[PDB]
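Fit chain A to the supplied structure of chain B, relying on the hints for placement.
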Amino acid sequence: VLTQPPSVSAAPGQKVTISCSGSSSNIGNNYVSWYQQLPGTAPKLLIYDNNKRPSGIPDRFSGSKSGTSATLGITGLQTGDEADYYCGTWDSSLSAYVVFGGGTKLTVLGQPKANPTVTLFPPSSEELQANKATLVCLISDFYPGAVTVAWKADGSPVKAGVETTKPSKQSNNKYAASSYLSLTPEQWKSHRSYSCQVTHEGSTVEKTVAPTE
Amino acid sequence: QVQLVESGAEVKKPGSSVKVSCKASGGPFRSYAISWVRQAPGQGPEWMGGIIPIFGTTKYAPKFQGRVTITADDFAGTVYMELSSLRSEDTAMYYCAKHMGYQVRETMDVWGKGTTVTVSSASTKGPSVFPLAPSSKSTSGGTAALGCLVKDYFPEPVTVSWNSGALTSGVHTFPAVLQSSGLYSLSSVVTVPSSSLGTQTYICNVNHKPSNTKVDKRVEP
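Those protein sequences? They're chains B and A, same order as listed.
In this text, residue positions in the first sequence follow PDB author numbering: the first is 3, and each later residue adds one.
According to PDB author numbering, the stretch in the second sequence is residues 1 to 52, 52A, 53 to 82, 82A to 82C, 83 to 156, 158 to 159, 164 to 171, 173 to 201, 204, 206 to 224, 227 to 228, in order.
With the rest of the complex left out, here is chain B:
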């Protein structure tokens, strides 16, 4: 039960602070560490013993503890600093265990808005022949990484049968997302056209398919 703000943001070159609040049985009476976790890596130790920094950690990382809370500090922050940050300590109550914070996600300001590119595929003939039908909508190269997706049967929406992914950062530092609509071949051949409609930053892109015309 260690409390951190869920997210923090600043421009490259500036300073940030991440706070972590607890009780006297944990932060108050023990030593605080900070861990950094870049996407898909082992957590790395940034700061230990409240303010000590291991050999091999840049000196623009700084730590402090005051009473019942602790704060991590990063100066001259570069884009490579974008990660989830966790505080950790020891709880000295009868519980007797190692306790962590919720994490805060540090994002760095400024990358240009990138409007999303949308590809829509209808069911393949061999899949229809296997008595199933899947419409696939692929969305790539958008920033920032938040889109909503809406399906249309002819002209009216359908909510049933839809599966969409969480958007995820691609290798080129933009975002991607997949949405799948699962139908029977009877339903598929039953309509004039189907539409996938991607809404990103108050703008709309919409692609259409029809039962091979």
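Among the clues, some could well be false.
What the hints assert, rightly or not - Distance windows between CB atoms, simulated:
1. A/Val2 <-> B/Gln189: 55 to 61 Å
2. A/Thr139 <-> B/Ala12: 23 to 29 Å
3. B/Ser205 <-> A/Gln181: 27 to 33 Å
Just so you know, the hints here were simulated from the structure itself, not pulled from any lab data.
Even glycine gets a Cβ: it sits at the ideal position worked out from N, Cα and C.
Then chain A, alone, in the frame of chain B:
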């Protein structure tokens, strides 16, 4: 000069046990404590327990007390973590980490890369591969998108390459989706020029090692 390496991914049905291992270079007999920490997807880390060197005493988090068991074989420099009566909530990333000293009350300075255990009610199934054909609906600007649908497989992961490895620049393989059937499905797209489309031959190479199936599938208009 001390490195940690855990065992491979595990897939388990509810109610079963799982025993993960962690191997240390340097060492090999320890003079440092070692802990296990899990992280559920989109969650803060969670300490499970740890083991003191020499004396072998163990400490477990209150939450896992009684269904987690931590042990060490000193002659091989290896510690184990065993979690029993698995539920779906136990699905997480599982790290081992060493302490900068002999007490679990101390900073964890070195961590292993991590290992996943997945708890699901599904059985292991190979995927079906379907072509996502280019067509006139995907052709603009002298480019054309085409791809592969890898449908209904368990468990992760799957491997998709193109023309047996030749095509790479201009290839996107999207992260999977998890259906309510508890099966996975993903898509892999390669962006190429409009002109080559008919002359050029494109083949996707899908590999699902868990069910020992390799599917190769041509994608044509």
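Now for the hints, and whether the structure bears them out:
For A/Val2 paired with B/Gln189, a C-beta distance near 59 Å keeps the hint of 55 to 61 Å intact. For A/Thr139 paired with B/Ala12, a C-beta distance near 38 Å fails the hint of 23 to 29 Å. The hinted window of 27 to 33 Å between B/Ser205 and A/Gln181 holds, with their beta carbons roughly 30 Å apart.
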